[PDB]
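Quick heads-up: it's one chain on its own, the form deposited in one PDB entry, in structure tokens.
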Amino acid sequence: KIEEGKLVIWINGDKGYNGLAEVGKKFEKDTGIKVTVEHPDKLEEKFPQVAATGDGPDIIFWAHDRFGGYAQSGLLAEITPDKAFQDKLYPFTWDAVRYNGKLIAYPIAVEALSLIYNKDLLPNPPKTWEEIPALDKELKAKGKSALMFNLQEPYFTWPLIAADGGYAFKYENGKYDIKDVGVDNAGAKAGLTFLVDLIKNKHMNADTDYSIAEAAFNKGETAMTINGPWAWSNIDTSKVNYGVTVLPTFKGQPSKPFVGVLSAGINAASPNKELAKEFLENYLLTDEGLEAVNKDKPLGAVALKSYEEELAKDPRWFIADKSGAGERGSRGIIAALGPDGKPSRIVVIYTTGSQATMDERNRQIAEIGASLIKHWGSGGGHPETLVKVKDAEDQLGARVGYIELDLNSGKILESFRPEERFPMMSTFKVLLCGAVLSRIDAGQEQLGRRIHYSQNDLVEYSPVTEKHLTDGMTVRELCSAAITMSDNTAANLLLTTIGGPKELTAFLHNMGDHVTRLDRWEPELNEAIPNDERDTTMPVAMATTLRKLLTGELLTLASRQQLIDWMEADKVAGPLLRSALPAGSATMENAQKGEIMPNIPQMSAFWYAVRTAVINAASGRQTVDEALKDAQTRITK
């Protein structure tokens, strides 16, 4: 039995438990209830043992993946935060602690691998996996190395393997499909192939494990390592000048590290469930409570939005971006906004001129975006938002176009220069894929259909298409790249499927848009000559057209949802919500791009199977194709 009138907490010894105990002393001062923080050895094993009998701690802190089994045996209580409190934490962290519809833990901290680099050896780290071979050659010639990380465990190699489309178990409608495994797909092959190619070409050694890589980085022998927040303290002691950043992209798409959510569960047998709620919600999950814990030992990243914004201020994450790939997107934004994950408004913004830079445009767009979320519920058209839009035209020194629209009813909520013509830039790309999906609905096109192109077909800013020269790309992939990664060649290839700019224009006119026109291809359509009517639209015309594609019956329910999905990813990567829904620390950035650890018992077989596969493809016993075929079988039939 658990003692009433006190809080007993179990947490791992490597966590900031002395900070946690300080939060408990503050709880004691206010309520008179003492909180005892302990770190039992193998509490991960002690908890399921004692809690079944009715004993143990009131609160247990562990990563979410273990909490699936706990909640199955009925060892955790359903928590009851209200909407106000839930909106304080990142939405994706609430999913990690959801079991059979019920919230079974409070999300606390967020952990994922990051790229850790030596700033003296490498002040500007690679954004890409493909550029590492050449960096290794430049480094080995000066007595160093580019990258060293643990190759023995599939936890460390998976971010690269999953990058191009690999996955453990598909997660749909809030449930894992134990028959849908993606370790055998084309994307998992490409990643492991590239991995084995780094070994073959002597860029990495197949025998490299955790201790070897760590010693190598902490002694300045290697430019980069891949590790988590648990490793920082040792690097701090080594006095290596290090930064922590986003993992490199493989094939133009982010690495996908497994994401662990340190979570606080409440014993089902606890008679202090209400006090546990009071402490967790109103003491621990505050900036002051998490600061106390973080000061003791680094949390990496947290689930509480407000404190993650403080973590993001840490100089270690600071990067120097030089690419002007965001230039088009800062001159043209389209976004379907809506809360609870459901869109109800359409925003169209264009900026112009040859004066303002990319950052200045991105900042102005972010400000308009923050102003929109600030005054939600008011319906739209808040005079504040109009001033922000007017400010953008002011500070950018050129015409700005703007409209805000209710998606369902077509009602104009706010407008500025809505019937003036603006170069579409990249904003035609959603309309292009609307036309594509129109062909799918008519059985004229398949999303899985594969397109060939050579290097000659490549134009500027094509980060995905340029990395699929040998295997080509799928219509579905092309649209994803065109919209979410703003791939220019992807846009052209898609244009060619429908018959060129003239057919997109015809498609738009056939649905009642007699204003919008695409005349040229990428990258020409971006020229934006003053008063040139080629490749232009109006804010109102664009908003209405977009509205008709996401409403009514122009697309099937299947095709409509697909367009919605693509548009959201473009929105969260665009500058619009960069102030309102800001990026966090490097650990959080990697976690948001990654794959939440599945909390199912079937994950055990996955680890063994992938572990063997990576060993056998690296050594030689199996080819990459064969090794993953076998690993897939070991998991599912």
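Only the largest set of C-alpha atoms that superpose within 1.5 Å between the two forms is called the rigid core. Residue numbers count along the first chain shown, from 1. First, how it differs from the form deposited in another entry.
- Once the rigid core is overlaid between the two forms, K179 counts among the residues whose Cα shifts by 2 Å or more.
- Once both forms are fitted on their rigid core, the CA atom of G472 lies less than 2 Å apart between the two forms.
- Once the rigid core is overlaid between the two forms, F416 does not reach a Cα shift of 2 Å, moving by less than that.
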Second form
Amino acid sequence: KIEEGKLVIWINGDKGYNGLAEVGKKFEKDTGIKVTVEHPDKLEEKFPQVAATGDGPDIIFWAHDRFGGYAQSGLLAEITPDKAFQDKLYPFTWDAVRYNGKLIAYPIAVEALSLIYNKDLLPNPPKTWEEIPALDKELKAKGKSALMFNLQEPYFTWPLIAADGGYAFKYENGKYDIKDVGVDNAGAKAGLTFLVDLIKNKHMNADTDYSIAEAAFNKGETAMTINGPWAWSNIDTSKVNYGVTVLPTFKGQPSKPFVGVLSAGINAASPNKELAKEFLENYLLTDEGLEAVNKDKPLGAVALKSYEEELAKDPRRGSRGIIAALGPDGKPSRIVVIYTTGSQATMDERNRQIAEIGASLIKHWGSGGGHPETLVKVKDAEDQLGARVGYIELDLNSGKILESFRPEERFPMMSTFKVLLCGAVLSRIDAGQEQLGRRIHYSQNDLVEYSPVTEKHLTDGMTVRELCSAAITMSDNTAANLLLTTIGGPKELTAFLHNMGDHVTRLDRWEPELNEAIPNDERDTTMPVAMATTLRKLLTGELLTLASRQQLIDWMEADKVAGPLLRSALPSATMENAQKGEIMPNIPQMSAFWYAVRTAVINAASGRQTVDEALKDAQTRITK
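After the form deposited in one PDB entry, can we look at the form deposited in another entry?
Here you get just the chain by itself.
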């Protein structure tokens, strides 16, 4: 059935098939094997048909989502690359091509929508979705519009719908639960409501599809569009002075686009599995291989770290203190605490220094922790910032201090107290005294400075779960106060810590007053060693349940990713949108998702159905 002795490749017409062919000639010269590149019609639908009969191409290129439907039947082969190669790619790209611990494909490129804006019409793009209506009113006066994108398809509309808590299918442990769908939740409804209101207020049109949006932006008629790298060439051709940036926020939370991982899967019926893995590992997944493909058709962002760093260069309220659990894709094994002080340093300077300590930590991981170089970088941090730095690196399992610097001096906790706060919250949940979905209502007066999520939920309210997430990940100050009120205030948090053996850490004040940090003021302070030990008691033992531990870990993970610690260690517009987005579920049940959600959006857009009933009907359709 399948030719013995040569490689046949199936890649889509929109992708750089001619660029992959040049890599095919680079392999042909070195080995002496005829590399064929074919682009047939409906290749993602033809592959289930051909591979089932013991036939088909050796290597298939497609987004990872359909690849789950091949691993179920048995059409894809297991992938065995060494860590010497698995390190060269991003840790999340592999988790997109995993089915039951197995590896079914090599990740090549990452696809995610981004905000594209005309620099001539709009030099400074909006940071939030909420400011777009008033910006559209500004631009209509000049015969232009603010934003035009494909409203017909769920994929283009999802980033906004999912932003405030929407999801396709729940991912827990590793398996996607086909019964837990989040297209019906309050977050999804708020998201769709905003879109519908944009349509109702005539900032957008219900008829706008892919070609109407693309032509309107490329002709300079609209200031913004929403698209992926597959559209970049048409804009280059159009000669519009354009930038690509992070999608706007909605209710203080990032837009949540679907993440496609263009992947190269090896056919299970193929007799050339080893011959294909050589071409993919040693030829394609190199700087030179990706170069040829990216030249033919821009891939956007790539799976190979060395080449993404090069592409990221293309021109087209922070943390004084930090707390992090590292080695996280598997159970975290280390706690890091760092505090910076003084009124001299800018946040960019603070962030730069924290990143350098982070970069130093990852460099010497698995070496046993506490490498002399990292202590040098910490001392260098105190130096450059012109004020005391506190630091501790702790092994989560042993409780052993791997490194310390000013471990027993007091430092203002500031935003780091919020993890301890939500630790107390989850403790009341475990006991039956609290529910993560209990909604809390509040007024304008409750709002303090630096409250990006809470200030957009005045009419809606917020669940305890949303408050903890906003407090930790978005550092929402009002959120922390509202959570403090639930447990009884700063004295109760202090009482909670003393009851679990931490007699150092103290919270005395509310937000924003707890942030002021008067020199040597002992209010709202901790020690690096106190904080790390307390964090350890919360993340090990029986102080929280497994479910609560995992949730505390998951809040901290998003905080660590959004923060400075990992910036210089593992650093694009496509990539940054993908990092805050949703990995597209690799199940055939996704077909039911696409059908129902498309119907829901066109019905809510037209006024055929209300937003509530349109998404209820969609939810019913999925879980049927």
